[PDB]
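To begin, one chain is listed below as structure tokens, in the form deposited in one PDB entry.
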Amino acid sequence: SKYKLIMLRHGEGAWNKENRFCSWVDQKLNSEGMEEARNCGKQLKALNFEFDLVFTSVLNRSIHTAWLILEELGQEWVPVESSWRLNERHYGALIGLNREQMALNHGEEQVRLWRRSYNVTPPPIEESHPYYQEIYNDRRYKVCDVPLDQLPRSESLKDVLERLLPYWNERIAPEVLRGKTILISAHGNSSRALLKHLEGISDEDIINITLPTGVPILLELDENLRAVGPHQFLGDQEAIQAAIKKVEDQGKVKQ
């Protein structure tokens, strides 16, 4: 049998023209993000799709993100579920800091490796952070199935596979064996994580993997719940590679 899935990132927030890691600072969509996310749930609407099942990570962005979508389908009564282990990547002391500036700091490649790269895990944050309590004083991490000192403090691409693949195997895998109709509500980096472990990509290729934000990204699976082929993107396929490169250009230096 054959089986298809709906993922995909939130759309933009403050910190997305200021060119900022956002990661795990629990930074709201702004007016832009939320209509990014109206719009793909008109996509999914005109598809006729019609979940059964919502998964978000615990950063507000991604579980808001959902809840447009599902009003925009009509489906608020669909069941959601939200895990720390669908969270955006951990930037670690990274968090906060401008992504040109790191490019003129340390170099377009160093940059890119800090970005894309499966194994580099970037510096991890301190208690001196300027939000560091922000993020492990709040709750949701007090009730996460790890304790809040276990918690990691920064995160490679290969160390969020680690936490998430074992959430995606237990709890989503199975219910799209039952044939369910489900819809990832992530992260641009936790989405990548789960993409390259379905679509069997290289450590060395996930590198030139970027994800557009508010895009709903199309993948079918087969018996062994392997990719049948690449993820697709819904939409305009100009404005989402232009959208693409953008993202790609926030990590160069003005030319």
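Residue numbers count along the first chain shown, from 1. We call the rigid core whatever largest set of C-alpha positions still superposes within 1.5 Å between the two forms. What changes on going to the form deposited in another entry:
Core-superposed comparison between these two forms: among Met102, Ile172, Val160, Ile95, the single residue whose C-alpha moves by 2 Å or more is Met102. For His129, a C-alpha deviation below 2 angstroms is recorded between these two forms after rigid-core alignment. A movement of the C-alpha atom of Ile184 falling short of 2 angstroms is seen between these two forms when the two forms are aligned on their rigid core. If you fit the rigid core between these two forms, you'll see the Cα of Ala239 move by 2 angstroms or more.
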Second form
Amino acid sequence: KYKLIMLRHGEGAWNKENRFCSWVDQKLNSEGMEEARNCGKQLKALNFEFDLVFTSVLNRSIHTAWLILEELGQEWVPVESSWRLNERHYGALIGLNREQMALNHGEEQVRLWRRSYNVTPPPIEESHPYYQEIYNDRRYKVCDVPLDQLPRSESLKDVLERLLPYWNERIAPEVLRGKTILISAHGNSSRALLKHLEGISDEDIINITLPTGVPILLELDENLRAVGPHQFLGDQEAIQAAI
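Having seen the form deposited in one PDB entry, could you now give me the structure of the form deposited in another entry?
Here you get just the chain by itself.
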């Protein structure tokens, strides 16, 4: 077998204003940082000793890895970041209040826009309050594919399609070669990698519910295909939230 840990960061202001962060580089809050600080205390109690850490290019994912590495005393562990682990691009829904988008278009459409393997939201356009903050940022000018070729909106399926090469090419070699890897990612990019490993269907995946601030162990074979459900490590007094 092989082992692998993924997780997702905690809370920010927009995660409390009930808004769509998505590609907006919004930061963690007191509880967001403390959550990851506790998550590292947990992996410490677990005697966890990583070799490589993989993140998105959004800071809430990076501070999360960093705060974790400090609790472990593992700050020298190599870190790699990639747009291909970014949160899903929610197009024009970025930054708007979701409990009032449900007031315009109705719950059924907003629910579908987030619990759907196949549905692409409206594309963010140059008029959007945050179009510039995303596409002009220097971190997207040095990417592996040109600025114009980055998506302006994504389905959950879109996330996996851009993710999977990064897994095949950057990650999978390393998890092959023994390295205990941590993946500090987001709600959808975590959901998509679990699908491709647990072979989840285009219909069971919209059901999958991953907590935040919680390690997610996952065992593999030499095929690198899953061997069981994803399990959650730590003080299993951790069955909270999930709306």
